[PDB]
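Coming up is one lone chain in structure tokens, specifically the form deposited without its partner chain.
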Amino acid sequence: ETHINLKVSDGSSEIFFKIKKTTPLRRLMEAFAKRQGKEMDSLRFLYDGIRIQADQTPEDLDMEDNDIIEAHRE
């Protein structure tokens, strides 16, 4: 399959997404950004504690279905 489900969480709001493995995480990040009323660069996104860049894709990061992205400030 070409899609995976990704779950983003900032300690409270646990929002689920679906995305193609080849699609940059930018749109997903900005989507999560404003449902929390914050803007994208007000947030850092971590995958296994490692910072994600907006133009990186799930495929670049070897993400699997139902992985977790943790969202912090700064």
Second form
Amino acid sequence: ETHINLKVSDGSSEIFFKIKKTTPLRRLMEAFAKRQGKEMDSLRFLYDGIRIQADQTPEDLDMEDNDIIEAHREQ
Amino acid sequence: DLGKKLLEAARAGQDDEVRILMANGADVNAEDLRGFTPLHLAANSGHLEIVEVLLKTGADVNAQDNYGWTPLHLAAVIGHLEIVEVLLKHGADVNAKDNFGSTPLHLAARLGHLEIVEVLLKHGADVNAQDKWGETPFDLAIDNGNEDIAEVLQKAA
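Shown: the form deposited without its partner chain; wanted: the form deposited with its partner chain bound:
Everything in the complex follows now, all chains and molecules, and the chain you saw is the first one.
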């Protein structure tokens, strides 16, 4: 009830994460990116087609269970 | 498609289908283009029984994906205590480093999973482990606002 499960996909790598709904998305952004050795800012993350700010929290975006976050390479 | 069906069955929790493939001779160590093995998707999806079945059949508990992530990493990122314990009891490397130095303790500290951090420390997680960015799990915990988690990491000195 207090946490949230989210799927991050770039069309090639899809990974599930579980985070607090009151914590910034940044951790989820970083762990996914740093797995590939890239910086977080070298990747654009979209929820419903809208860029996600790092300081944003899941409850700020009305995120639901088993929601999907799209990842795209920048530049 | 003995392999490709096994990974699909491992995710979404098709325990009966996974049993069917593995009883029909499917390779439990099959890989996709991302380096993921059926144990990987079973652990990342929080499917405990399927993880136990795969481990009992002989799945590589330390299998590395395309970037060195093990099933322990994918279990720690979702904070699944049971699967972590099962993998640790089945030989999973607690201090496994991916291609860029990220350990399961690092991911648990960054994502904010106190129980996973405590269990990894109980099983011998390296506090002094440094990623390619030179950050110990304490640094990630104090970075991402996870202060109470950084308390336990500091106590392990």
